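J.: The lines below spell out each chain.
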Amino acid sequence: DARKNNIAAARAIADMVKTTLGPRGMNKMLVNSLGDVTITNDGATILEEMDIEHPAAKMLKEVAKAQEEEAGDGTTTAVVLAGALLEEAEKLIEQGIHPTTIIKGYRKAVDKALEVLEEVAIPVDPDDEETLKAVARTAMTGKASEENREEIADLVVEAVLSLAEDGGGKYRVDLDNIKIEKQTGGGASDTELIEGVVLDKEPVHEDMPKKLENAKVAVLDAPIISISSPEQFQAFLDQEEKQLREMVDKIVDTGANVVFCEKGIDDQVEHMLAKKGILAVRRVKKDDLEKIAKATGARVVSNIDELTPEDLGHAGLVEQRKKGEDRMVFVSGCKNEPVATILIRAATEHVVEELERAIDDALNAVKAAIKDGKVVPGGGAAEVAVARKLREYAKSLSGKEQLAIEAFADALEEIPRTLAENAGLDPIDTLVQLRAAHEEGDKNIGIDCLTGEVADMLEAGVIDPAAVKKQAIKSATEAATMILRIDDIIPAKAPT
Amino acid sequence: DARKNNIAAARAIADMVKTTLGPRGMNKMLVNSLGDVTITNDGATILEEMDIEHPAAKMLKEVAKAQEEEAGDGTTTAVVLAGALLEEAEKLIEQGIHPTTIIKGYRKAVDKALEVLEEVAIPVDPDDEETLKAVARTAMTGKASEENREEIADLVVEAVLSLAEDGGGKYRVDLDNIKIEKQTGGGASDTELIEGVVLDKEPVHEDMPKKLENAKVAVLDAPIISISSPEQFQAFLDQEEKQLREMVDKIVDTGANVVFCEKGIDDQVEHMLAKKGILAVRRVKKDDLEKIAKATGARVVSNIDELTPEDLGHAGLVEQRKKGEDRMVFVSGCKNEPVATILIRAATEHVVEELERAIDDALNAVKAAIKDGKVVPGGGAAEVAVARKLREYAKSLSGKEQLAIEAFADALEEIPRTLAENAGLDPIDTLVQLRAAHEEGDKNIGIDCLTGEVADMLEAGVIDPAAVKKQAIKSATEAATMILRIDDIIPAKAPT
Amino acid sequence: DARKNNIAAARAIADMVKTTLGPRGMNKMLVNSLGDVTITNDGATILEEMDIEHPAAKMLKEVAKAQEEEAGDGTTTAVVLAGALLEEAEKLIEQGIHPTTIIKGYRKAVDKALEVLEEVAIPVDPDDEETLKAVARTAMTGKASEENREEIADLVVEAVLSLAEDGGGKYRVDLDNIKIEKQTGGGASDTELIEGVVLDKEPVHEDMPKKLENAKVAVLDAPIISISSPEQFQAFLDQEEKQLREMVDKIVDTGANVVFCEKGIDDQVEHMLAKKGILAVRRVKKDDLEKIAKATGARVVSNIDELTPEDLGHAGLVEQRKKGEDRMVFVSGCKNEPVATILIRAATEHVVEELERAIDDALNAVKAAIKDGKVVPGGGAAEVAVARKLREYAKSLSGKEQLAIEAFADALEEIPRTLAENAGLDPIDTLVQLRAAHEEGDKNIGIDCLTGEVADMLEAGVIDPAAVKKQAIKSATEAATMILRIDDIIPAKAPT
Amino acid sequence: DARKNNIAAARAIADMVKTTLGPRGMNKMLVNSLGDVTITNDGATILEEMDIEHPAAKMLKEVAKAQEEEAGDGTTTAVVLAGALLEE
Ligand SMILES: Nc1ncnc2c1ncn2[C@@H]1O[C@H](COP(=O)(O)OP(=O)(O)O)[C@@H](O)[C@H]1O
Ligand SMILES: Nc1ncnc2c1ncn2[C@@H]1O[C@H](COP(=O)(O)OP(=O)(O)O)[C@@H](O)[C@H]1O
Ligand SMILES: Nc1ncnc2c1ncn2[C@@H]1O[C@H](COP(=O)(O)OP(=O)(O)O)[C@@H](O)[C@H]1O
Ligand SMILES: Nc1ncnc2c1ncn2[C@@H]1O[C@H](COP(=O)(O)OP(=O)(O)O)[C@@H](O)[C@H]1O
Ligand SMILES: [Mg+2]
Ligand SMILES: [Mg+2]
Ligand SMILES: [Mg+2]
Ligand SMILES: [Mg+2]
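Heads up: the protein sequence lines correspond to chains G, H, J and F, in order.
Residues 19 to 242, 253 to 524 in the deposited numbering are what the first sequence spells out, letter by letter.
Residues 19 to 242, 253 to 524 in the deposited numbering are what the second sequence spells out, letter by letter.
Residues 19 to 242, 253 to 524 in the deposited numbering are what the third sequence spells out, letter by letter.
By the deposited numbering, the letter at position 5 of the fourth sequence is numbered 23, and the numbering carries on one by one without gaps.
Chain G on its own, in the form it takes in the complex:
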């Protein structure tokens, strides 16, 4: 029963990632043969760098990748939904229903599920500050410490509004646009708008001018013998330094005094650069070098011989500030475009990475909320409501597809059960309470794991975007279906 084997592998991954769904998501420990350990709770990492020899499991990598690509959030919801869906699918196969009937029933159930989620979702304008803060806090949830939730949410909404590039309504609040720097210790209160890309490298030379207002900023990427007579070696050294003088002189004619180079340096090179007072940062990555080129306005010039004054950028300020322990060049004043890197502070490296993922997911969610402008109650409320309407549809329909639709309803209902279980509440009792509440006509009663009770989600500020839940359902459906559609494992010829 290779299908049973694949279902078992998907079940194993689903139960593995089940425990990390919610504000109290019990984190997970990723250990590799090299011995490096990173503690994370966001499901994207746990699906990213885990070992999977089972190839049916290996498809869930692709499922999570697609989820992250379109939405960027809800991967753990998608995987848990897929787990519950394959639970009930296996349940229907031992009863006797053919798999294709299960697939057809799940397809119909999910079409009506997206339709139901469209109806139930409450709309939001982009000016109701409390609602945006609630969405930001709900997405922020899971990873950040309980203390700094209000602070990071406030900074998130502040950055989103202040850097709101009104590109015809759709604000281009990209992940690489908001300005943070990474550093151990201190706190999260350094997530401020510093108008420029800050590099985590020290100045090469002490007497290099640390302060340069309205500096002529340049961006470069190029890396900055046969002897016969006794003085021939000195002659070669003379002509290399002469041509070096020539290139840096035609650079100075353009006026460049601040440079960030993609490659390494040499002691003599940095010495003669600082002779004229030229900044040079080395080993600058491709992505961050491109970001710096966009921000500073100095186009990357591989062939530096054609550099002109028109090719140079400008920055309002460049400064070396001894913030914290490490030394950095706090570049500030890149006035062309809002461009930045996802580098954020915390106390210890695990917390640094956790807060990095948290802020990334936070901007993702508020961006989705602003774009789509539809928010659905979270905390399992949307799942229970869609399950109830799916059961109404089951009452409407008849046949052995009704069993499949009921299976889909139960699998969708599984998510609030997990969210309650990670909260410490008993799953069956609180889930029955949720069902009974939703049978009274109200729609926003969910589970709040911060308070550890069942309450109105709208008053508790627990709301997730509609689109993230739509894609969670869609990806879970596509995972369950394409894992069901397999029959047997066969050895495939390796491409030579």
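By construction, these hints were calculated from the structure, which means they are not laboratory data.
A few of these clues could be false.
[Said to hold, decoys possible] With a straight-line cut-off of 27 Å between C-alpha atoms, the simulated DSS-like cross-links for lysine-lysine are:
1. J:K417 - H:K423
2. H:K402 - H:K126
3. J:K423 - H:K417
4. J:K130 - H:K471
5. J:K322 - J:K399
6. H:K228 - H:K188
7. H:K363 - H:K313
8. H:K402 - G:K234
9. G:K399 - G:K122
10. G:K521 - G:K79
11. H:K314 - G:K521
12. F:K22 - G:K200
13. H:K350 - G:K399
14. H:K423 - J:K130
15. J:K109 - H:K417
16. H:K130 - H:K83
17. G:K322 - H:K219
18. H:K351 - G:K83
19. G:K521 - H:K76
20. H:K109 - H:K79
21. H:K200 - G:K76
[Said to hold, decoys possible] Computed list of chain G residues with no C-beta within reach of chain F, every gap over 12 Å:
22. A30
23. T56
24. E220
25. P227
26. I255
27. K278
28. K351
29. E353
30. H378
31. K402
32. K521
[Said to hold, decoys possible] Stretch-level coverage of chain G by chain H, calculated; a stretch enters the list once three of its residues show a Cβ under 8 Å from a Cβ in chain H:
33. 67 to 81
34. 261 to 267
Idealized CB from N, CA, C, for every residue including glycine.
We have chain G; now place chains H, J and F with the ligands onto it with these hints.
T.: The following block gives chains H, J and F with the ligands in isolation, referenced to the frame of chain G:
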């Protein structure tokens, strides 16, 4: 019993590929030692990159290759028919019939099978749009999602009609003639007629002219020291750039400004090509480079010294459009011939490959329908009708060949049984229903796996080209025959 | 698959007993741990004293016992028919038909098969001597040597007619009524009507009167110390002989002079019996003693004290004839009832037992023919005719019971296939020839294994009573059905 | 119970470093495959260069490093407190 061993291997492959026959064919997962996984359901792939140590099984590779070469559709049908034929052959040798008598009976059976398939087939004009759409949907069936069936069928017929090169009645609608590009995400609605081969490569230089109306397009394939004195190296560099200047100058005298090169480039090379505004795409394969040469009209010039203005092609437009995520040069306006590559969009990589195979099979089927102009009802209806007339022939013939012909009829009837089994219906009951229906005189009652019932195929739009089924029967017979003709495995001297 | 296991066991027994069906039945060799060996070919013995650990096979003991009880002929036919029925049942479960549908189909098949056999059977009067001889030869076939077939058939019909006790039409030709004796060597020409039960024991005393015309025959069953003074032993002996004297005196007053006693004797006892000239045979079994009591007319007297002249029987003659090697008392002249034992001569012990079984089967078959007065052509002709009419019924009936009906027809045709295989002819060719013949309207064309061809059975004298075939089909049906009706093996509590 | 395993590893480390808390802290010895030996009682060193395959224990490396970075004193107090906290 080495014959029994070969039969067992053929049965193993037949049962492996049986499950992937029909609209609801449960897909198969091809896993290799490298760990790459591709989900496929078209039997051609499953027979192509599977490991087969058994040589009797290895012959079915050649059978499938022949099937794809002549027909291009029906490898799964051919292999399942061969499996069923060897099923009943194994029975008949169990009874006591000598193998040569089984071969004789099978040969006569398939002669009359091709004859009756010729008579039963309903003819089609190339102007009955609904019939062509039905054929395209039936062949399209199997691999695409249920949502985009009508869409992709519409684009298939639209491309076939619009690119109908009337070459004396036989329209040259080749697989490499219709214009699609491959890209992750988006949808299948980009399968439009873009009159030119679009390359999935970015421009080398930003300031390279993205827009060039009526551009002079060229096609190239060539790849674009002892020091004594201090300046000998500089003189060598000077003469290399001088001859580079010379060859590109006599190129510019021809007027070429758009180039697609077969080999790599260098940073200085792309810099000095973009100095004059010359497009250059690298690492273009042999096949797609030949396609570009055919489309653009610029003959491939290995010895570029003989390039002349007469040798240059022309294109109405070349444009870089940021469609989706990947940056590509959307070349459009190649006015000489309709030429393109089989590269098609979808959501994820597995789905991308699935719809690529689907669209390829779709054009193959409509091409076969337009060429032959004879369509047979699908859904197993043709199989049942041919089996019924074969049983009439059995009633005519007396002797021990009658048992072989009845064996052929049962093996042929196995296809509708498989098609019902993959649909979820019980095989024996629906098979008996099909036989009873065909005994009433009507000919089009089959199995529709979308609706999951038995219905008239002609009103359900489930119809296959007659040539595809003819070649399926013929290839299955030649597989079963020449697998039966073997006696024993012996070690053969390896060629030194 | 314990049902598959039971089917396999029944298959093994069916194939074991298949080879002994017909005139040319390859005999079977029964060897036991004691080392005694008996060569037999009647399937009755083969099913009786074979070892079977498998319980499902152990049921076939009961099937064969029932067959012998009702019919007395056709155990091998029943077992082979059960084997072929389970052949086709196993294939039908392979296709997917539920077992209960097969049971229902077989029930309907066998109701109609009994009806068909009733119609096809040709009637016979009890005075057509050639027809009775043909029936006797057909039944006697299988076991008797080819030389003495005509002879033993002639004696069979002669004994049946001469000992025809007209009990209201139903002649009581019992197996224990016709007079034969067993003795090694000689020949079968001693199967003559000797009017009396003849006991394989020598006279106890030489001077015992061997010849006694109109002898007063008696039948008995009873078996024919403290010392103080020297002569007390002698007085005890005197009174024992005195009481012996008075009991044999009151016997002599009745007049008995011939006795056949159930128990042993003593030297003095036989001496004083022969003093007056009294015959005494010892160790006569229960069955043969009861037979002698019936034949001689002397009721068995446990308490001999009440024996009277009225209680004595009479016999026309008693004689000791030194026929062959062993010495014997050829008792002849028991005038009350025809009573005898199944003891028959041949050359060797194996041939003795073979001839005994063959003659018993011959009287059984001729008795059945006289009783029922309906005879069907044998040699597989009846099976093929019933199969053809069953196929006509299948053409009448529509549904999945038609498949079961066809299964029953093929399982019924398997009998002529076996009968041809044991005859040396090729099975498929002669089966096809038989089917073609029966399709031309004639109904008596069968297989004659003596001539080794296919010919009309009625002119070949190959005809077997209809009731035997009816019971064969019925027993095979019950066997196949109740073997199919089992699910799995469970350990049963042993009764304490 | 992988949580029980992690708690057991943390307990083992806590009990190991428990004995070196105070003026009369019984010192510990650090022996490596090279054979070099250093006698130390400050828990910083003890948590510094000890072999720990268990990764849950390997987090206590980072805990001690944070402690030394901010405070510079109290690594043994922190680890013993963590041990007692995980006890209860
Ligand atoms: N404050 C909250 N209280 C209770 N449940 C919450 C809260 N915030 C979010 N959730 C639940 O957590 C789910 C998202 O979990 P999360 O782990 O953040 O997703 P992902 O792992 O994909 O980032 C939401 O669908 C919602 O039901
Ligand atoms: N719409 C349909 N409904 C039911 N059966 C279909 C339908 N379309 C095709 N089929 C069946 O599937 C067969 C072709 O299966 P397919 O897997 O496409 O072949 P291949 O694997 O060789 O491409 C046809 O011969 C037909 O009997
Ligand atoms: N002379 C014959 N020639 C050919 N077949 C015969 C002949 N006599 C009997 N048979 C076949 O043998 C069958 C009976 O076989 P037999 O072994 O005698 O049964 P059993 O073992 O029960 O006594 C009959 O049904 C008939 O078809
Ligand atoms: N003179 C003392 N008498 C008793 N206890 C002491 C004394 N000095 C320090 N302590 C205890 O030892 C603790 C610090 O132990 P120590 O091993 O020095 O810490 P660390 O190993 O981090 O340097 C203090 O919290 C205190 O309770
Ligand atoms: Mg989330
Ligand atoms: Mg096909
Ligand atoms: Mg018999
Ligand atoms: Mg201290």
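J.: All hints, please: hold or fail.
T.: Structure-based check of each hint:
{"no.": "1", "hint": "J:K417 - H:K423", "verdict": "holds (17 Å)"}
{"no.": "2", "hint": "H:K402 - H:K126", "verdict": "holds (23 Å)"}
{"no.": "3", "hint": "J:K423 - H:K417", "verdict": "holds (17 Å)"}
{"no.": "4", "hint": "J:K130 - H:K471", "verdict": "violated (34 Å)"}
{"no.": "5", "hint": "J:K322 - J:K399", "verdict": "holds (25 Å)"}
{"no.": "6", "hint": "H:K228 - H:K188", "verdict": "violated (39 Å)"}
{"no.": "7", "hint": "H:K363 - H:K313", "verdict": "holds (22 Å)"}
{"no.": "8", "hint": "H:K402 - G:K234", "verdict": "violated (75 Å)"}
{"no.": "9", "hint": "G:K399 - G:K122", "verdict": "violated (32 Å)"}
{"no.": "10", "hint": "G:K521 - G:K79", "verdict": "holds (22 Å)"}
{"no.": "11", "hint": "H:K314 - G:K521", "verdict": "holds (25 Å)"}
{"no.": "12", "hint": "F:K22 - G:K200", "verdict": "violated (34 Å)"}
{"no.": "13", "hint": "H:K350 - G:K399", "verdict": "holds (20 Å)"}
{"no.": "14", "hint": "H:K423 - J:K130", "verdict": "holds (24 Å)"}
{"no.": "15", "hint": "J:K109 - H:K417", "verdict": "holds (25 Å)"}
{"no.": "16", "hint": "H:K130 - H:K83", "verdict": "holds (25 Å)"}
{"no.": "17", "hint": "G:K322 - H:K219", "verdict": "holds (22 Å)"}
{"no.": "18", "hint": "H:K351 - G:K83", "verdict": "holds (20 Å)"}
{"no.": "19", "hint": "G:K521 - H:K76", "verdict": "holds (13 Å)"}
{"no.": "20", "hint": "H:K109 - H:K79", "verdict": "holds (25 Å)"}
{"no.": "21", "hint": "H:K200 - G:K76", "verdict": "holds (23 Å)"}
{"no.": "22", "hint": "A30", "verdict": "holds (15 Å)"}
{"no.": "23", "hint": "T56", "verdict": "violated (10 Å)"}
{"no.": "24", "hint": "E220", "verdict": "holds (19 Å)"}
{"no.": "25", "hint": "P227", "verdict": "holds (32 Å)"}
{"no.": "26", "hint": "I255", "verdict": "holds (45 Å)"}
{"no.": "27", "hint": "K278", "verdict": "holds (47 Å)"}
{"no.": "28", "hint": "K351", "verdict": "holds (16 Å)"}
{"no.": "29", "hint": "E353", "verdict": "violated (8 Å)"}
{"no.": "30", "hint": "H378", "verdict": "violated (7 Å)"}
{"no.": "31", "hint": "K402", "verdict": "holds (40 Å)"}
{"no.": "32", "hint": "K521", "verdict": "holds (39 Å)"}
{"no.": "33", "hint": "67 to 81", "verdict": "holds (count 5)"}
{"no.": "34", "hint": "261 to 267", "verdict": "holds (count 3)"}
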